[PDB]
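Student: Below are the chains, spelled out letter by letter.
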Amino acid sequence: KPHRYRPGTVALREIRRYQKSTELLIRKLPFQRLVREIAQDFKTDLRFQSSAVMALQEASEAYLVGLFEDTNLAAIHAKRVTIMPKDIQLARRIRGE
Amino acid sequence: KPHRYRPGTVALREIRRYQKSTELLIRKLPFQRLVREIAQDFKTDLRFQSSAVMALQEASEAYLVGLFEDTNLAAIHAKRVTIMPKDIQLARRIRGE
Amino acid sequence: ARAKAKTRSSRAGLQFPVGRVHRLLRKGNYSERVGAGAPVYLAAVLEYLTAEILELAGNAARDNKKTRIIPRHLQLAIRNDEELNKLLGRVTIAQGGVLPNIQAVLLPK
Amino acid sequence: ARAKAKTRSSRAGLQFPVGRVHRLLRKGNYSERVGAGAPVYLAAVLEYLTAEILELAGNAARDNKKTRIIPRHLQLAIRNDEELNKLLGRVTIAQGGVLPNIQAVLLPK
Amino acid sequence: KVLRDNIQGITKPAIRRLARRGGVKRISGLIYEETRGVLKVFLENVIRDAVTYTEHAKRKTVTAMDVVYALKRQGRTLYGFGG
Amino acid sequence: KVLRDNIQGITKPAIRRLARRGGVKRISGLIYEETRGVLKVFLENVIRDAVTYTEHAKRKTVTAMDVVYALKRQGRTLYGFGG
Amino acid sequence: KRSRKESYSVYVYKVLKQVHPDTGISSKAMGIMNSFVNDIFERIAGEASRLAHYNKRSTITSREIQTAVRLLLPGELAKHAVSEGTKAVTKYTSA
Amino acid sequence: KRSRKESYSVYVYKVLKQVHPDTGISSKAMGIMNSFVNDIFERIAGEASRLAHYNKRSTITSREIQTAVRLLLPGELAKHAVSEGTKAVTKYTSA
Amino acid sequence: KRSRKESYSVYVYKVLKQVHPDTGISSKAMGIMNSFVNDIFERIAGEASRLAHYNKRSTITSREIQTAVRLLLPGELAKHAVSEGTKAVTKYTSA
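Going down the list, the protein sequences come from chains K, O, M, Q, P, L, N, R and H. Positions in the first sequence are counted from 1; adding 36 to them yields the authors' numbering. Positions in the second sequence are counted from 1; adding 36 to them yields the authors' numbering. Positions in the third sequence are counted from 1; adding 9 to them yields the authors' numbering. Positions in the fourth sequence are counted from 1; adding 9 to them yields the authors' numbering. Positions in the fifth sequence are counted from 1; adding 19 to them yields the authors' numbering. Positions in the sixth sequence are counted from 1; adding 19 to them yields the authors' numbering. Positions in the seventh sequence are counted from 1; adding 29 to them yields the authors' numbering. Positions in the eighth sequence are counted from 1; adding 29 to them yields the authors' numbering. Positions in the ninth sequence are counted from 1; adding 29 to them yields the authors' numbering.
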């Protein structure tokens, strides 16, 4: 019988890895593609310095991380361990959005 | 048999009454005693304009009702109607307090 | 033989004082140089903002059968538009109260 | 004919440039006139701030057995100090990550 | 002259009124002292700012405009008492 | 030239990785599209500010210091990009 | 007599009198209006100074405060306020 | 040929060698430090500017800067900064 | 050698530019606008003539023009149009 961990043990393992880690978690080239796509809506023919795109990527990553830990606080507050979208709307609406 | 409202009925009538109203909720003189008590702990013999007290008051009920609106939202997020100290702690932590 | 002293607020056709706001930017320490059209633009945008919020305050007062504005009208005016809420998310109004708002689960069956 | 030029940072015994920060205040449009001791005081305040945060960063790097400071070490320095975190709750550090932080209920048993 | 206990001056019925303004349906008994602590934290956080402005102004009396500054520094700007 | 549907370019496992860094151990499958929407709104706000800054710069190319101006004016200040 | 305290009340009376000739004013609400206009004035002036710094421009003109209004004030009021301000500055351009 | 760009690399480097003779830096960490020092300088200077506004003083002094530091910096960071700045002001006055 | 026929193309083109700098116009749509402005102008002018006739006034004044604006234009269009015309005649009075 091939080896298989129980669920969550693996999850805590990459929790430890990725919370230890420092690098960006999302793929780069779709992030330039997306920022070009959405900046296309406001003004035409925009050119992007790679440093600006990286700074946007880090800001987005930190904003999402803060949102996710707030939803963690909300989820453990509701005596559950699995997050649901109303945690996200709650966290944003308490935050002021 | 004397009339007696079911629990929550007078509470909701209080909700409507105090939410339509704008007049003050904190007795101003014990509050002013608390203000002078905290003030003399930092600098002695401080004197207060009445408007300074008033503003300190308006701001405090503003901050508190912000917390209880957040508390109500997080409490109905928690499938309860009674607020508990962990909820106010949660609201302060989500606000970054 | 000087021409008659006519005013820049009237020159822009506007009610807010162009000269006072210009002076207030000059000694408000935002730059050593300032253009002439900037206080005109600034007076215009504040007049538009006061005009729309005073429209909302007037309708709120008339709906409550009051011919004099109260800060409760101001609070009801600002909070009933979401875009002004994004303008005024962190702003406290004295004696304003809050919107009449009950969570639906709090209501009885 | 002329005295030897002596730097004002050496007069204050500080590493941060008194003259540069003084010039930055003069072109920073904060006041029409600046007192002489205010940039000295500000440079001392900043020098203490950078000194303590660099001490924390060096201690954190020595914990990681690295002789050169890393943005990860900087994030560890900011978030493991409560008082600097209260100073800098709203800041984002590039490539910094977050603290190792697992909620107790998330652990097994 | 000196004061030692005025946190209880924010009475439990007053906190109940505050909760009714916030839309709170049911209030636990443990809420009140916590609200006293949180209110104490906020008022001390703003009044240290206020006393800082008053000592910098070389005044001995606290003015309202300094309190307005003290609230707007934490981004909790209160309208109507400026000027 | 025209790009149409890069919103799903933020893949599901990337969101799982971000939740891992967020400290989430268990993530619902109904999470990802709202997180895409929230990221979407946030990026709209910041790049709208960014293109406003850049259009004031009379430049056709967005630059990094303009982006970090947009973030600090939005209250999410960035370090490490020429600030 | 006491030294002058300059304020923004009477202009609010004039603009309301244009938009609503009939209504009255309470004084603490009038103070709330003064706080509103002073607050928005400080926000726009700070953004104007910041943008004049970033483009290294010595001069506060209408064009960068237009940029600042597009930054701070959102959406519908932003574009309409831009409209009235451009109308006003063109009228002042015609003296 | 390019135009010279201002930095705080040498001062932070001297401070690091003062507190830690044996430690190095990464360039990304130095970028964070430049953003840090510029940010704190902007915060304190703008806060002092509005203090100069509020007392109607057109002159900014180290008293104002001290007020801003006590106002903004939480805890004993403020009083340590006041002590260091006070020592610096005194030994600058003597020199 | 020719004789002019007057039109409203220049004014509608200008006000189109203040309301929308970036939009064009077709000439037949401008003919539609010419018919629109002439038709509304003749309606208001004829109704103004009848109002002047009813109260035996030989002078046409802005008051009955304002009356005719309430008379023809329904509700919202009427109240806002009265507002702009009122503020406009205030500037003309001050001129």
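A hint or two may mislead.
Heads up, simulated DSS-like pairs for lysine-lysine below, C-alpha to C-alpha not over 27 Å straight-line [stated by the list, open to error]:
1. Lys115(O) to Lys75(M)
2. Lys120(R) to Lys30(R)
3. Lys79(L) to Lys31(L)
4. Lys37(O) to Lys118(M)
5. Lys91(L) to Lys57(R)
6. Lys59(L) to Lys79(L)
7. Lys108(N) to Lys46(N)
8. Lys120(N) to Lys108(H)
9. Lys30(H) to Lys108(H)
10. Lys79(K) to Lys20(L)
11. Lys36(Q) to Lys15(Q)
12. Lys13(Q) to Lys30(R)
No wet-lab data here; the hints were simulated from the structure.
Student: Could you run down the list of hints and mark each one as holding or not?
Tutor: Verification of the supplied hints:
no., hint, verdict
1, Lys115(O) to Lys75(M), "violated, 41 Å"
2, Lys120(R) to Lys30(R), "violated, 41 Å"
3, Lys79(L) to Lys31(L), "violated, 33 Å"
4, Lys37(O) to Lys118(M), "holds, 26 Å"
5, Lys91(L) to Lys57(R), "holds, 19 Å"
6, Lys59(L) to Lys79(L), "holds, 23 Å"
7, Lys108(N) to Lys46(N), "holds, 25 Å"
8, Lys120(N) to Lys108(H), "holds, 25 Å"
9, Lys30(H) to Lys108(H), "violated, 47 Å"
10, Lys79(K) to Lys20(L), "holds, 14 Å"
11, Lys36(Q) to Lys15(Q), "holds, 23 Å"
12, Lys13(Q) to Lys30(R), "violated, 32 Å"
Taken one by one, the earlier hints fail for this structure at numbers 1, 2, 3, 9 and 12, listed in ascending order.
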